[PDB]
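The other protein chains are all here in position, but one chain of the complex has been omitted.
A, B, C, D, E, F, G, H, I, J and K are the chain letters, set down in written order, and residue numbers restart from 1 in every chain.
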Amino acid sequence: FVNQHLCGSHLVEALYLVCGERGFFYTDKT
Amino acid sequence: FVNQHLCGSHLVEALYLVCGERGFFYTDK
Amino acid sequence: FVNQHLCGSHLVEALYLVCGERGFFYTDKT
Amino acid sequence: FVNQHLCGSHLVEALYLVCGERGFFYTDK
Amino acid sequence: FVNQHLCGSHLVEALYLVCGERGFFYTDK
Amino acid sequence: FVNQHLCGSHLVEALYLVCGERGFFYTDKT
Amino acid sequence: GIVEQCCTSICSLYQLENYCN
Amino acid sequence: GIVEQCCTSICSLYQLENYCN
Amino acid sequence: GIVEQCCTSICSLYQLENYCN
Amino acid sequence: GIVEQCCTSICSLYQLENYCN
Amino acid sequence: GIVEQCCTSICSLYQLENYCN
Partner (left out) sequence: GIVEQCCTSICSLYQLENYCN
């Protein structure tokens, strides 16, 4: 897996693909 | 499989934009 | 809707989704 | 609906790249 | 054509993420 | 074609679309 | 859900907002 | 233009909609 | 148009350039 | 290949890694 | 949160998986 800043939409896509069937929660900024 | 998987990718990117700081849950099982 | 710099391809995608059936014009830099 | 909608998303990203500073219109109704 | 072409776009973006610095070949003919 | 920094996933997408049926090799950093 | 509503037909940004938060 | 308004500065949705047909 | 030409079959970058500007 | 394996059914990140390098 | 961990700093895959359901 990459060693990169995953930000904005890339962060969400990477989540999408990492989590597969589990799905995910995206809080954005905390 | 793939077609709904490919759709899913676009939905999440759309959600990111529309929801902003609110964020969102992505799930259904 | 986000509070972010929408640049390059993200700007065009965001347009695409914001404008729906109307479509849009993308001048790029002016 | 969706399939041509999903295609549309990819067309516009392609257009952004190929057209550059020229830009482009995206419409058809 | 397009459907496998649209899939291809998503595969390569996935590959970019999963492979990282390893990179990858994308081909098949 | 654009005059832009193509980085990360944009670089790979741009490759994908530029190379068409030939395909490509993405070494990432060298 | 979102997939059955938004992958069969087009969901606008207004429709997608329903799924925020 | 859209780049100077929404890329170099940040745009509202309403501001983005100025670029629809 | 672009959708009927480029969503049925693959449009190369050369083909897509027709729609620039 | 990847297209026939991963466009027919979903390839997870684990499956896609097979095609790295 | 995920943004502060993976966007402002860099994340491992394992670190990213903390945000799956």
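Throughout what follows, a contact is a pair of C-beta atoms (placed from the backbone, for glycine too) under 8 Å apart; a residue touches a chain by one contact, two chains touch by 3 or more.
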Interface with the undisplayed chain - residues on chain F: 1, 3-8, 11, 14-15, 18-19, 22-30
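Simple rule for what comes next: only the chains that are shown with their structure count from here on.
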More contacts between chains, C-D or C-G: C-D
Centre-to-centre distance between chain K and chain C (centres being mean Cα positions), rounded to whole Å: 27
Centroid distance [mean C-alpha coordinates] between chain J and chain E, Å: 9
Contacts with two or more other chains, residues of chain K listed in rising order: 13, 21
Touching two or more other chains - residues of chain D: 2-3, 6-9, 13-28
